[PDB]
Amino acid sequence: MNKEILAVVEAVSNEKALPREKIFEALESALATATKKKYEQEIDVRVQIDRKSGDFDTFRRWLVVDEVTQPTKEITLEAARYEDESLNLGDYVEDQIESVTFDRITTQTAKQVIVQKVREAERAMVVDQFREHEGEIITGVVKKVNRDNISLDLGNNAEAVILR
Amino acid sequence: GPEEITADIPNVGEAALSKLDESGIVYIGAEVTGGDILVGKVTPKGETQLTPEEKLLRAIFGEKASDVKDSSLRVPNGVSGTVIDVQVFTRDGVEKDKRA
Amino acid sequence: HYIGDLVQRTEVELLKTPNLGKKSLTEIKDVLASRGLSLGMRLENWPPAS
Amino acid sequence: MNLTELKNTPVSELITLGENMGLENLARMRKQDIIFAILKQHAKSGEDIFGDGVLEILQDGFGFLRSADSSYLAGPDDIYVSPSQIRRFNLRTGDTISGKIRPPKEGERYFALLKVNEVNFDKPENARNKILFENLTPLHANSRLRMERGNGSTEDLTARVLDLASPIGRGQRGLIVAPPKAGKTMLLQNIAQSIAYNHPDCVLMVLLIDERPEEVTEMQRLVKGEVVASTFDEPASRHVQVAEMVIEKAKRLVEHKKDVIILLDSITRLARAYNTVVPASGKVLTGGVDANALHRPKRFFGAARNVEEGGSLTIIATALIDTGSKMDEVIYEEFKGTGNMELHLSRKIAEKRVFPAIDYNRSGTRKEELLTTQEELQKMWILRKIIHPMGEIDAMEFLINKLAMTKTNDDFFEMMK
Amino acid sequence: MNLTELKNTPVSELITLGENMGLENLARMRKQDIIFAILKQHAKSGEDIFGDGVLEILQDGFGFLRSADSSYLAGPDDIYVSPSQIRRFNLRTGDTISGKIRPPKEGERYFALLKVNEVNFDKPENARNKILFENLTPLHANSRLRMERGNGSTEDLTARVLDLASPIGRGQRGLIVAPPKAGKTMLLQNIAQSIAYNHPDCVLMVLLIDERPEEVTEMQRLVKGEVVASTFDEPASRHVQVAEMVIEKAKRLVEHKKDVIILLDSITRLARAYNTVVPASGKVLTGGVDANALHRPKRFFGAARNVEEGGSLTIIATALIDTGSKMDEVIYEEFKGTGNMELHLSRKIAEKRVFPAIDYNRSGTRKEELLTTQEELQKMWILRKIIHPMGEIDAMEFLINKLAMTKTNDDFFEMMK
Amino acid sequence: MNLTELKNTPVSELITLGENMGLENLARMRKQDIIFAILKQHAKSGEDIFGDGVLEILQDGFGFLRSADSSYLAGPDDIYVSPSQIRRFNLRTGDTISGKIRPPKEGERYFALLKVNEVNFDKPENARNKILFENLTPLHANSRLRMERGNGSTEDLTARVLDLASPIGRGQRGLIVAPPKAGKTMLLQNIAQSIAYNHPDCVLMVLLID
RNA sequence: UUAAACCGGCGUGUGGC
Ligand SMILES: Nc1ncnc2c1ncn2[C@@H]1O[C@H](COP(=O)(O)OP(=O)(O)O)[C@@H](O)[C@H]1O
Ligand SMILES: Nc1ncnc2c1ncn2[C@@H]1O[C@H](COP(=O)(O)OP(=O)(O)O)[C@@H](O)[C@H]1O
Ligand SMILES: Nc1ncnc2c1ncn2[C@@H]1O[C@H](COP(=O)(O)OP(=O)(O)O)[C@@H](O)[C@H]1O
Ligand code: BEF
Ligand code: BEF
Ligand code: BEF
Ligand SMILES: [Mg+2]
Ligand SMILES: [Mg+2]
Ligand SMILES: [Mg+2]
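Protein chains in written order, with the deposited numbering: chain A, 1 to 164; chain X, 846 to 945; chain U, 276 to 325; chain e, 1 to 417; chain d, 1 to 417; chain f, 1 to 210.
Quick caveat, the hints were computed from the structure, so don't treat them as lab data. Careful: at least some of the hints might be erroneous.
Pairs of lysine-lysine residues, derived as DSSO-like cross-links and limited to a Cα-Cα distance of at most 27 Å, are as follows [to be verified]: (1) A:117 <-> X:941; (2) f:31 <-> f:7; (3) U:291 <-> A:3; (4) e:326 <-> e:336; (5) A:38 <-> X:864; (6) A:117 <-> X:909; (7) X:941 <-> A:36; (8) d:258 <-> e:184; (9) e:181 <-> d:367; (10) d:115 <-> d:336; (11) d:258 <-> d:283; (12) e:298 <-> d:336; (13) d:336 <-> e:352; (14) d:100 <-> d:258; (15) X:941 <-> A:37; (16) d:336 <-> d:385; (17) e:258 <-> f:31; (18) e:123 <-> e:224; (19) f:31 <-> e:298; (20) e:258 <-> U:297; (21) A:16 <-> A:37; (22) A:37 <-> U:297; (23) X:886 <-> A:37; (24) A:37 <-> X:890.
Please work from the sequences and hints to get the whole structure.
Next up, the structure:
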């Protein structure tokens with residue numbers, strides 16, 4: 001259960017590209033995408049798994065907007081009387097508690113989101129490797145040209161773009 | 846990889862999983878009308894040559910891969926019925942499920 | 276009883292309805308708006324069946 | 001209504017009040033659980049309850065209104081505070097908040113505070129526009145807090161001796177260095193009683209950490225003011241909780257320009273708890289204390305200060321020696337240099353049934369000229385000059401005899417003539 | 001009938017009674033298994049059995065009536081208690097319950113208690129409407145419990161010395177700090193015998209944790225009262241079980257306004273078991289003890305208190321030193337500050353065949369003026385004044401010689417004249 | 001503008017200046033946090049801020065401009081210094097740098113120093129071509145730094161006694177060996193005051209630890 | 001380059017008309 005998730009976050013190789021905080025926010029996103037599959041109601045669900053202390057506890061986001069379609073995520077600009085919300089924007093609820101726990105498709109979603117997150121961390125790494133020269137002349141070969149922008153390479157998988 | 850009968854079926858409604866037990870085989874006495882899953886035979890398809898991160902990840906998350914393969918038997922379109930007897934036979938060495 | 280009167284009842288009368296909290300309101304929002312209907316729609320012909 | 005209004009009275013009145021409310025057998029559950037059930041029924045009667053408590057902020061952003069009589073600990077009557085109040089007013093830890101509360105609907109946890117009506121015994125407008133505590137300008141003790149009672153009791157000397165050894169004032173940082181079985185309990189008792197009787201203007205906040213429950217009951221119903229304590233019944237977690245909570249309450253009360261006396265005993269057990277609840281840095285110091293184990297204790301100790309704008313925070317934390325091991329002594333050392341007020345008690349004289357045995361030699365106060373008038377300072381200088389060249393036993397018997405032969409301190413000056 | 005009524009007698013009478021009941025060979029199974037089979041047959045005769053035991057509550061909500069002679073442990077005669085009784089009366093842990101029981105039908109486990117007839121030797125109406133234990137008001141020892149026997153035995157001195165070193169009373173919290181091979185066994189033996197003979201009004205509850213079975217047999221059939229013990233035959237689980245069970249029984253008996261003496265030896269092995277059964281917090285303290293490993297021991301130790309309303313709980317838990325390692329000493333330290341009653345025994349004098357070797361110097365009692373009259377207190381003060389300036393061996397030989405030269409303690413006062 | 005220019009004054013002027021800038025309630029956050037928000041708004045007005053601070057170099061190669069009034073510690077107004085400046089001028093630790101700074105875009109951390117305008121109260125050309133400190137030639141105290149004030153105060157003696165006990169000069173290495181409760185505080189106080197009054201040419205840098 | 005939508009071959013045996 002939660003001890004398994006703790007073992008996973010202890011066993012992640014890129015603890016430096018993705019420390020505990022990014023790991024449990026990635027699991028937030030993973031459980032959200034999993035709840036997208038648990039219920040046919042497409043609802044954004046933060047779950048604040050509280051990595052260090054304990055395990056997940058499911059919430060429900062109100063997505064404040066005057067519309068009413070998918071009412072699990074519909075609140076008008078001022079519907080904040082009940083539950084002492086008293087907030088126009090950002091007031092979100094905790095209605096459904098302890099939803100479907102980890103199953104195999106939940107692990108599939110977690111796996112894909114954590115691997116794309118490792119990819120995003122490597123993108124931050126190449127950002128750092130291309131930075132420190134912001135505002136300097138640099139050499140670069142191009143890869144593709146488009147009507148709105150062009151792609152450029154420098155070496156070491158250094159990817160950049162030049163807009164129109 | 847081998848073939849499994851894990852009842853965790855992806856991309857399927859809960860109404861279709863209602864007849865299934867914890868193992869993946871419907872109980873003895875639950876009637877079926879249309880094409881409804883009664884064997885949870887979902888198995889991986891994803892090829893080898895995955896990066897070390899992929900292998901370590903799928904290992905630390907249990908034993909999960911491109912398992913989305915339905916590969917499940919349903920009733921033929923047109924025939925109803927009520928299951929009254931289940932028969933399962935394992936190969937020597939394969940672990941016996943709880944229903945067997 | 277009939278939503279023929281609740282169709283003329285928007286979401287401003289949901290949490291003011293007595294004892295509509297977290298899970299009961301969740302069910303009300305789910306089993307009503309997911310079937311193609313919207314909670315609260317203005318019309319003027321429900322009495323004469325027109 | 002107010003929880004403390006139901007808490008000042010024993011479980012018997014709570015039981016009969018619940019019988020008035022018509023509920024299940026109340027005596028079976030705990031008395032604070034009785035109060036929870038009683039407030040639930042009172043809310044069922046169709047009225048908004050009025051609650052109060054000091055704020056405790058968790059990581060999630062919401063708050064808990066811990067009550068005074070519950071020793072600032074977790075309870076079923078801890079009012080939930082929605083984050084919206086922290087967004088509007090940003091009430092920090094220790095802010096005494098009073099306002100309207102509602103019952104918990106099912107699947108909820110506790111009562112929820114709807115609207116604040118009183119912020120630290122002041123209007124809520126002063127809560128947002130206010131200068132902070134760590135943002136203040138610390139200073140020395142300007143105003144003197146006299147200690148003698150004035151009617152000449154036997155333990156009244158235990159206050160006079162302080163006024164004769166080293167004065168105590170607002171915003172000071174006091175240490176009480178004493179071994180076990182020395183006389184610290186009765187000392188802080190009469191100190192609190194004298195502060196309350198002679199100076200009822202200041203807010204007396206006596207503190208007790210990891211003592212006998214009988215001691216807690218003797219302290220709560222003997223002195224004037226709020227008595228929050230955490231005995232050995234609570235682990236280091238609740239110890240550090242109550243400690244930081246009372247210190248933040250004192251911070252807020254000084255922010256509201258009020259004087260707070262914090263008599264704590266002992267600081268060594270607090271330091272032990274802190275060293276218990278710190279992450280390991282892969283190394284240990286001399287005595288068995290972690291490296292960063294002193295940072296938060298030092299913060300809690302240095303929270304006391306005298307302010308230019310208004311209010312004061314004066315802490316008197318007792319240090320414990322003669323424990324056999326090093327680590328406690330280490331604490332003592334790390335605490336002699338941070339506090340600007342030392343007071344040392346004698347056990348070698350206490351075993352002789354000679355009370356009170358205060359170390360007149362190593363006692364002292366930094367910037368003590370601001371703690372007493374001119375000619376009284378001259379006379380105290382001459383008196384310490386007289387006390388110095390004689391032996392320890394000599395000075396102590398002279399003290400006890402000639403002060404019990406007197407009634408008040410200025411009478412003592414006029415008798416030494 | 002009652003299980004203890006079949007338990008006071010050996011296995012021989014149980015065997016012949018089972019032969020009277022006409023069953024399979026009884027001597028083959030265990031004697032408590034014999035009692036189980038015998039009660040099963042007695043229930044087969046068409047009668048409702050009358051059972052009794054103290055309640056143990058599991059997570060499921062039902063209860064077990066553990067018997068006294070079974071050392072408050074799991075047995076085949078542990079009466080099952082349906083949750084409906086916990087819904088009606090809410091009998092907590094340690095409540096001595098007696099009532100009607102039925103045999104277990106097949107596929108069941110044990111006997112089921114139908115209707116309670118006696119709750120803690122009182123009517124069941126007092127069980128629901130009653131003030132709780134942790135809800136009481138703790139106080140100090142007001143009434144003095146004398147220890148001397150009165151006929152002048154050689155080990156009678158071992159009681160007198162206590163009355164001469166530091167008095168003992170109701171609601172006190174006593175520690176016995178002694179190394180191995182010092183004389184704790186015979187000491188607590190004659191202490192229990194003197195409490196029983198001179199003060200038969202109070203409930204003597206001697207406790208034994210992790211000792212020799214021969215010691216358990218010597219303790220059970222020598223002193224007055226119930227003797228529950230758990231030797232090394234049981235792991236830390238059953239150790240903490242019997243400990244919490246006797247402490248909850250004492251809590252309930254004090255709730256019923258009765259005095260309970262709990263002589264425990266030793267507290268260090270109990271602390272070791274507790275440290276064995278706590279979850280790891282990813283860190284260790286000095287000596288090899290977990291952080292939260294002391295919370296529950298501290299609770300069990302501070303359960304003792306003197307009550308305003310009625311009853312008292314006085315525990316005398318023996319502390320063990322000179323074990324070579326640190327952790328045990330650590331326990332001792334964490335236990336000197338919580339107990340308000342210390343008593344220290346000497347092994348350096350015990351090796352000299354000088355018994356009893358009680359440390360007269362570091363022994364003491366807090367608020368000991370409430371433990372003895374006025375002039376006797378003056379005389380004890382003067383006697384300690386006389387004992388102080390002489391050496392350790394001097395004080396101890398003076399003690400033993402001049403007290404064996406006396407018979408009683410007031411006779412000792414009148415001989416010192 | 002300059003952070004210290006907003007730091008010499010208490011939190012009250014900072015609060016009214018933020019009210020002039022039209023922001024959220026400033027008194028709620030800390031006064032140095034007030035300065036951070038105020039400089040953020042000042043940068044929002046479309047102007048390049050002028051900052052200054054002494055350089056602190058981490059392992060990554062970039063730098064932080066710690067301010068004087070913040071006790072040379074970590075703060076929200078610590079100007080980020082890109083490694084390119086350490087590549088051009090190679091400003092070492094302790095170099096008082098003043099120059100143009102920009103606001104932090106979102107997802108960034110603090111203000112970034114664009115171009116240095118003042119290096120240790122001198123032109124930046126002297127920063128690259130300069131002889132180093134551990135590269136110097138150490139010597140003894142040649143010039144004498146007198147300590148007596150000259151108007152005869154009671155603690156003026158506390159300076160005179162030094163001039164009568166053992167003189168003090170430039171480049172010296174002095175120790176003050178004293179037990180607690182001896183009079184070190186007032187001593188160093190009047191020492192600093194006498195050095196400042198009688199010798200205002202030298203840079204007085206008083207230090208206090210714990 | 002980006003966005004949206006959709007994604008029985010063979011033999012054998014038996015029986016019937
Ligand atoms: N001012 C005093 N007058 C008389 N006795 C005192 C006084 N102070 C302490 N005592 C004695 O000290 C004992 C309690 O000491 P205690 O406060 O427990 O010291 P510590 O806090 O160092 O353990 C009491 O028995 C009491 O007789
Ligand atoms: N009052 C006493 N009179 C005579 N001998 C004693 C007395 N108390 C203890 N002893 C000696 O102590 C020994 C038993 O010590 P024991 O109680 O087992 O040590 P511990 O204090 O470690 O439990 C016996 O052999 C006995 O001779
Ligand atoms: N020249 C002086 N005139 C008057 N009082 C002095 C003088 N020097 C020291 N003192 C007194 O001695 C104390 C010294 O305090 P402090 O400077 O903190 O000593 P230390 O630096 O050793 O801690 C002050 O409280 C002050 O009252
Ligand atoms: F025995 Be003292 F209270 F440390
Ligand atoms: F060996 Be003894 F019982 F401490
Ligand atoms: F010597 Be003091 F602590 F400044
Ligand atoms: Mg004490
Ligand atoms: Mg023994
Ligand atoms: Mg100093």
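Here is how each hint holds up against the structure:
A hinted pair counts as satisfied when its Cα atoms are at most 27 Å apart, and residue 117 (chain A) with residue 941 (chain X) does not qualify at roughly 39 Å. A threshold of 27 Å between alpha carbons decides the hint, and for residue 31 (chain f) with residue 7 (chain f) the separation of about 9 Å falls inside it, so the pair holds. At most 27 Å may separate the alpha-carbon atoms for a hinted pair to count; residue 291 (chain U) and residue 3 (chain A) exceed this at roughly 43 Å. The hinted pair formed by residue 326 (chain e) and residue 336 (chain e) meets the criterion: a straight-line CA distance of about 15 Å does not exceed 27 Å.
Proposed proximity of residue 38 (chain A) and residue 864 (chain X) is supported: the alpha carbons are some 17 Å apart, at most 27 Å. At roughly 19 Å between alpha-carbon atoms, residue 117 (chain A) and residue 909 (chain X) fall within 27 Å of each other, so this suggested pair holds. With a C-alpha separation of about 34 Å, the suggested pair residue 941 (chain X) and residue 36 (chain A) falls outside the 27 Å cut-off, and the hint is violated. Between residue 258 (chain d) and residue 184 (chain e) the alpha-carbon distance is near 33 Å, which puts this suggested pair outside the 27 Å criterion.
Between residue 181 (chain e) and residue 367 (chain d), the direct Cα distance comes to roughly 11 Å. Compliance with the 27 Å bound is thereby established for this hinted pair. Distance check on the hinted pair: residue 115 (chain d) and residue 336 (chain d) sit about 45 Å apart at the alpha-carbon level, beyond 27 Å; violated. Between residue 258 (chain d) and residue 283 (chain d), the direct Cα distance comes to roughly 42 Å. Violation of the 27 Å bound is thereby established for this hinted pair. With a C-alpha separation of about 26 Å, the suggested pair residue 298 (chain e) and residue 336 (chain d) falls inside the 27 Å cut-off, and the hint holds.
The suggested pairing of residue 336 (chain d) with residue 352 (chain e) holds, with an alpha-carbon distance near 22 Å, which does not exceed 27 Å. For the hint linking residue 100 (chain d) to residue 258 (chain d), the alpha-carbon distance of about 26 Å falls within 27 Å, and the restraint holds. Of the pairs offered as hints, the one joining residue 941 (chain X) and residue 37 (chain A) is violated, with about 31 Å between alpha carbons and a cut-off of 27 Å exceeded. For the given pair, residue 336 (chain d) sits about 24 Å from residue 385 (chain d) by alpha-carbon distance, which is consistent with the 27 Å threshold.
For a cut-off of 27 Å, the pair hint linking residue 258 (chain e) to residue 31 (chain f) stands: about 22 Å separates their Cα positions. Pair hint residue 123 (chain e) plus residue 224 (chain e) holds up; C-alpha atoms about 26 Å apart against a cutoff of 27 Å. With a CA separation close to 23 Å, the supplied pair residue 31 (chain f) and residue 298 (chain e) stays within the 27 Å bound. The suggested pairing of residue 258 (chain e) with residue 297 (chain U) is violated, with an alpha-carbon distance near 44 Å, which exceeds 27 Å.
For the given pair, residue 16 (chain A) sits about 31 Å from residue 37 (chain A) by alpha-carbon distance, which is inconsistent with the 27 Å threshold. Between residue 37 (chain A) and residue 297 (chain U), the direct Cα distance comes to roughly 21 Å. Compliance with the 27 Å bound is thereby established for this hinted pair. Simply put, residue 886 (chain X) and residue 37 (chain A) have alpha-carbon atoms about 20 Å apart, close enough for the 27 Å limit, and the pair holds. Our distance criterion of 27 Å between C-alpha atoms is met by residue 37 (chain A) and residue 890 (chain X), whose separation comes to about 22 Å.
In summary, the structure is inconsistent with hints 1, 3, 7, 8, 10, 11, 15, 20 and 21 from the numbered list given earlier, while agreeing with the others.
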